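The residues making up each chain are set out below.
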Amino acid sequence: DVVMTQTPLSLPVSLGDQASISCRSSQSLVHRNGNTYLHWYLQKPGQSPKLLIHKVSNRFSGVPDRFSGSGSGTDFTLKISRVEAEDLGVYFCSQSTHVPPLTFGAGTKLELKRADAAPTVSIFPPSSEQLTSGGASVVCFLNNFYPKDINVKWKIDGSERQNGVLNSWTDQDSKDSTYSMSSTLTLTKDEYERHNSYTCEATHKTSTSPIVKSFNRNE
Amino acid sequence: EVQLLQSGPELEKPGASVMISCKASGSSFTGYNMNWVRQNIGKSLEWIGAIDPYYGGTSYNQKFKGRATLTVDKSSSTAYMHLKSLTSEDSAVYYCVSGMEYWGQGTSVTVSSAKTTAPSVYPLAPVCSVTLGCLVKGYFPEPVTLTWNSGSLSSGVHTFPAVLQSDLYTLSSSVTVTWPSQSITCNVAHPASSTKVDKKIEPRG
Ligand SMILES: CC(=O)N[C@H]1[C@H](O[C@@H]2[C@H](O[C@]3(C(=O)O)C[C@H](O)[C@@H](NC(C)=O)[C@H]([C@H](O)[C@@H](CO)O[C@]4(C(=O)O)C[C@H](O)[C@@H](NC(C)=O)[C@H]([C@H](O)[C@H](O)CO)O4)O3)[C@@H](O)[C@H](O[C@H]3[C@H](O)[C@@H](O)[C@H](O)O[C@@H]3CO)O[C@@H]2CO)O[C@H](CO)[C@H](O)[C@@H]1O
Ligand code: NA
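Listed in order, the protein sequences are those of chains B and A. Take the first sequence: its position 48, counted from the start at 1, is 48 in the authors' numbering, and no numbers get skipped. What the second sequence shows, in the authors' numbering, is residues 1 to 128, 135 to 183, 187 to 214, in sequence order.
Excised from the complex, chain B in its bound form:
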């Protein structure tokens, strides 16, 4: 591949701020035909990507003037002169000078800034319904936090448990710009019944101490 290196990978901004996104190729994108095949796409959450800029600087149909692209050779820049809400999403650069293979940058997520918010953490022992069937999931929600970086562990009687964990996260909330996460630890009933203490442990910017929610199996 002609490797496309996009920076930053994450770009928190306020609505109305400008934005600048850079993309560098591992060799020149000038084609023997004189064109330079460097394009920029936006993918809004849950949708297909859409073309914004083709051949370095050409605005595609319907793309507003606040988007402009520039650059040459190996160094390119996408500028957004005033970020609007509809602009939030993931931007990808791509080259099609050297095909095959056409290649993409890793993406830059244009995200809304907001004040720090500590996660609201809730832990749930296995339902009696699940246990009657021989399974045991422990669930932990870590909701409405900002910024997005967070660490989450399960501890069982003080030991880290990695095996049997499934995590999922929501995209940044359109309404309150926070992030939420779920972590689910699944054990057999028999294994669940040979430990006492279950803990969902997080670290986040908002606390110097870990954020802990725990229960003991017997109540």
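Keep in mind that the hints are not guaranteed to be accurate.
Using 20 Å as the maximum straight-line C-alpha spacing, the simulated EDC-like pairs for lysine to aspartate or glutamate come out as follows [to be verified]:
#1 B:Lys44 with A:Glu101
#2 B:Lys148 with B:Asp176
#3 B:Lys44 with A:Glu46
#4 A:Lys143 with B:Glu111
If you're looking for bench data, these hints aren't it; they were derived computationally from the structure.
Starting from the known structure of chain B, arrange chain A with the ligands on it as the hints suggest.
Positioned in the frame of chain B, the structure of chain A with the ligands alone reads:
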């Protein structure tokens, strides 16, 4: 308006193949190469290949080790992508892209050995605001729909994207709110298995 209408979702076992279609309207089908790109579960974009629909010439990303074959039917303005010997690494959303300008709506491919499987739905009451939860475990395929009190609790809800593990999906949702004085029920549907279930969240005894 250029439109690219892709075929519906695919569910296949490891080692099987898929054949995805893309029906183009509103531009010159033979005037642009049809490209194919997938978006991996990690969200990276990965180009598979391109076909010139006029002469039928193709180019491919060698990463696919010849497993992908592109074809067109000019009689129906339809481009096709066949991908063989599937593994879980091929679970992705697949796009056709006309001239790298217009994108189709995507076709999901999920590689799993599971047959249709109804979820188990478990109410999650708090340890002995309030936050309650519902765990929707062990189902196949996507999607499910989940609501709280039939949609009457919508604020303070977080329903998480399902995650595939050992061939089946698990989703969860939380609702933050009083209770237990007023009833709170999670309503779960899984169309594929004709499952509709309601689970009342009861305090733990
Ligand atoms: C083999 C090669 O050099 N590949 C180049 C390619 O070169 C162009 C010609 O290649 C073909 C091809 O793909 O094989 C010929 C096809 O017949 C033609 N398809 C048509 C007409 O439907 C196809 C297109 O020109 C295609 C590029 O692949 O153009 C477009 C597209 O329609 O899809 C144009 C879009 O604007 C562009 N999108 C954006 C956003 O910019 C897309 C996009 O880049 C691709 O879809 C990505 O996959 O591409 O091209 C090649 O035959 C030709 O060379 C001729 C000389 O021009 C001629 O003077 C001499 O006598 O014979 C040569 C051999 O036939 O050169 C064409 C470029 O000028 O260009 C690609 C550019 O993306 C790429 O560089 C690829 O490596
Ligand atoms: Na513990």
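Each hint tested on the structure:
1. Straight-line distance between C-alpha atoms of B:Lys44 and A:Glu101 comes to about 16 Å, which keeps the hinted pair within the 20 Å bound.
2. For the proposed pair B:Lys148 and B:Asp176, the alpha carbon gap of about 13 Å is at most 20 Å, so the pair holds.
3. Note on B:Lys44 and A:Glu46: the hinted pairing holds, with a Cα-Cα distance of about 18 Å set against a maximum of 20 Å.
4. Between the alpha carbons of A:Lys143 and B:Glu111 the distance comes to roughly 31 Å, so the proposed pair goes past 20 Å and is violated.
Violation of the numbered hints given earlier is confined to hint 4; every other hint is satisfied by the structure.
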